[PDB]
Amino acid sequence: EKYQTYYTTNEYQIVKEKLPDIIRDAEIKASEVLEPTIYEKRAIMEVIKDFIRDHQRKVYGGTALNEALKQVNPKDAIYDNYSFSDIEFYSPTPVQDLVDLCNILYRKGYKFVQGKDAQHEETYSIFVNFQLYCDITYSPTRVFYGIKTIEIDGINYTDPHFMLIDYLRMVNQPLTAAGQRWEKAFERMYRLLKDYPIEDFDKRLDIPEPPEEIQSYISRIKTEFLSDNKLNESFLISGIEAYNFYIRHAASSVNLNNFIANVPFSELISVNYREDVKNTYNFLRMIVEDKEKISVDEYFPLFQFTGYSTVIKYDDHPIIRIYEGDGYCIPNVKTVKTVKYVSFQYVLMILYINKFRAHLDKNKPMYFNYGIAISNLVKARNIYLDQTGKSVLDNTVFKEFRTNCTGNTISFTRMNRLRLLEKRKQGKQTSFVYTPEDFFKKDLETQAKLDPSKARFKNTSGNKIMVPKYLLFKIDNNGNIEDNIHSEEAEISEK
Amino acid sequence: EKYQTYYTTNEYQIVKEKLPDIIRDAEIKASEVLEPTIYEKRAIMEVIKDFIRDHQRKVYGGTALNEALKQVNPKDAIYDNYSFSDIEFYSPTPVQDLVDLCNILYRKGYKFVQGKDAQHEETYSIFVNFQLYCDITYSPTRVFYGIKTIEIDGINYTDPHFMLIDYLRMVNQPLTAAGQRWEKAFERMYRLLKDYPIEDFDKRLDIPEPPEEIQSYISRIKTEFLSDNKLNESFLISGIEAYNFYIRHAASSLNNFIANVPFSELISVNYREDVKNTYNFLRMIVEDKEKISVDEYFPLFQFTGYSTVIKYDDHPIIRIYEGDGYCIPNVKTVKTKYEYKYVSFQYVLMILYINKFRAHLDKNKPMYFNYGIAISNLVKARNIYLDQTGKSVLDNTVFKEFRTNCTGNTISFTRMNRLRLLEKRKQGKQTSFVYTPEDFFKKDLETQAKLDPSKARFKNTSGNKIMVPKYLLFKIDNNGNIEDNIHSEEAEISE
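Heads up: the sequence lines are chains A and B, in that order. Per this note's numbering, the first sequence starts with residue 619, numbered consecutively. Per this note's numbering, the second sequence starts with residue 12, numbered consecutively.
Be aware that one or more of the hints could be misleading.
Unchecked claim - When the alpha-carbon atoms are kept at most 25 Å apart in a straight line, the in silico DSS-like pairs for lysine-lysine are as follows:
1) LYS734(A) <-> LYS205(B)
2) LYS636(A) <-> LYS402(B)
3) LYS81(B) <-> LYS634(A)
4) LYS13(B) <-> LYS693(A)
5) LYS734(A) <-> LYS1082(A)
6) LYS205(B) <-> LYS620(A)
None of these hints come from the bench; they were simulated from the model.
Work the whole structure out from these sequences, hints included.
Structure, rendered in structure tokens:
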């Protein structure tokens, strides 16, 4: 039983070394002779880049980042001219844009030009000759025009400090996005925060201190409500409260506690919202001097950055704003006294999100405060690690890439396949396809049947829910709170 | 204006270092809490592993290589410390197996149990609770039982020296498979060829020397036919001719590895034209043309295309293989009459194994032993050459591996898949087949009776001589000449 040895030492090493270079050298050859070639690629991309310029849409994802990193330093590019990179962009009329770009590309000669309804969140896809070229994402009117942009070659590239939200959004989903995203999202976050650094503001935090009646209720929610172990299970401390937490923890070892801010109201995230809101309401309705002063404001999700929210107000004063974290496992910090705070990268995330809410809400003082808060929170973390000689991975309060989280989460695939099956049972139309070649082989009567204006999307405006049939909660005549048996409807593509 | 620096030197490095470990530590957490969890995975996996044992199917790929590597070393295993893998197995009745395993799993309680048409190499898919668990691949009866297996826990795992064919099949497709496969296929080829090395045979090559007339008809194909620059464009020299080429080249400053060439084995990247042309040349160069006979053969599973043997007095002169749609890595030579293309070193090492398997199916025991000797000798030859020259598998030698230089118009897998699907879509041969037992069992016994998995057609990939003329690619007209047969597609039934 004699045997031969194919591959040895260091022959195996020799192969592993040159192998990715050879694979590259081969992909180069493949791109210059296999259809679609690198030139067909370049051609379609410039056709789409022209359309974005024309309708003035907002480009995000890899394409915006690459373009932006390059405006600063071409060496900091995340793409090669061999990259078959997806050009993603935001649009308030996405299905109409899909039909236009699909027509334009078909007319230009290409095949097989196809416009599909993608798996992901209110995104549509354009494929040309079995190759995905771009993705059109629905952005509600309100959100859309509020997005800060940077201009390059007459194209609106989503502000680097806005794209940053989405990158933190990745690191802030440890169970559903650690494998598939944390490697690229860290690498990209690095270059983005290198070429577009976080600003340094010497300006003071000017958050108005509220009245004593309110000031006591905000405090008594922490001391009396959030202490009850059968009540605080699903709560996570966000807002200026959480901000101050990291601000205080930065003192533990030019220019002191001076970064501390007046807490204007509580901002909490619940991983069991409907139960936790009703419970906060009933607690305030018990601890409040004249219960008929209590009012409840609800808000739609802010784009794709938050879920629903509810503000409980006493004399039109916000006491607490509760956010819906249902379906998410939020990375959190543990201390817990004596005789749950959202993670450092989560607060750094919400601060940016809240700054954007302010911008949409037209609120200029809050828009300036969040910006100050971010700068201060970053100054705070840096000086702490400088004084302690620590790292973003050492078990500190400012630790990054946390796996430890609160809440029952579900993988993207699961979330996508379940949502699809729900709307499939509803008959809200599963997959939408547009093949201009096939569409134009059809009569003008059938061609007339297609209307992109008649397309519905989830209301993700961040706007106060006015109409009661869209409100999640109901206030009964006795003054109590109840789960509203409503219609979870949203909005048409008619702008 | 004055900015802050988030992430520095060597803070960026620090992150890149621990990051894949953290991602791993996170995937561990995700695997212990996200439905379906490993406590649902291993349940479904063991149900399928039981079915494979029952019907005695042949497991291949990653799962198979893993367990085989494991039976010799569990440290040299490919899938790591319960890294979720895909079940892939061969079956002569795959659609019936799909319906059985889909029923069994549904009855066992699970949802959503679904059996899809995978859209590949006559492969079918089983998903349970939005998670792909296994893939069933169609293997014709003839091929199926000829596959040498290794038994572990009453399950038939595909012989490592057979799986090797598929791994070489990957490195032998440089334009369509270099990016997506050459990294894993090399790593796996290494660990397979170390835990299951290539045998060492001291036995002599006993290939019978053919008649002086037959050898004369063979030689004149090389001189008078393959020299003509308007004829030899699509030809590639395979078989013992190519084998001998690498045997002679290993001995360049007892040359006993040389073999009698029993006949020419050629691969054409323009087969129908190149076959008719060989036939017509031989019909002119031959003494009495009525002694010329033509034997055709179906593709041998997924290892070859169609073949044609041109025989003079029932003696094989030349066997031509169909390489249409493939870009074969080669080594061009120039006798200066000039151009001669030999199939790459790893391509001959590949066909030798494929030919040894053909012999096994053809029951031919002397050829089954000769190919085995040839492989051993060809490997002995390459090793001793690199030992004498101090060279590597990547240096520009005749025995160079991972070649990019190839002959023939190829098309990317995606293109081949989407075009094949569109061709059968126009034919109405059914695009995507779905089985949802939950939905199927909500239906009446009359509709339930309509579903028959025995009535499923597959491409005839037996490697068998084409007997019936309506399945023959060529026709011999009364005048004695060759013609393209205007026949029907060879779709054998599952039964």
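Hint-by-hint comparison with the structure:
1. For the proposed pair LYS734(A) and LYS205(B), the alpha carbon gap of about 47 Å is over 25 Å, so the pair is violated.
2. Among the hinted pairs, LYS636(A) with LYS402(B) is consistent with the structure: their alpha-carbon atoms are about 15 Å apart, no more than 25 Å.
3. For the hint pairing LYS81(B) with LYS634(A), the CA-to-CA distance comes to about 23 Å; that is within 25 Å, so the pair holds.
4. Between the alpha carbons of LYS13(B) and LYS693(A) the distance comes to roughly 24 Å, so the proposed pair stays at or under 25 Å and holds.
5. With a C-alpha separation of about 33 Å, the suggested pairing of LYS734(A) with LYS1082(A) is violated against the 25 Å cut-off.
6. A threshold of 25 Å between alpha carbons decides the hint, and for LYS205(B) with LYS620(A) the separation of about 14 Å falls inside it, so the pair holds.
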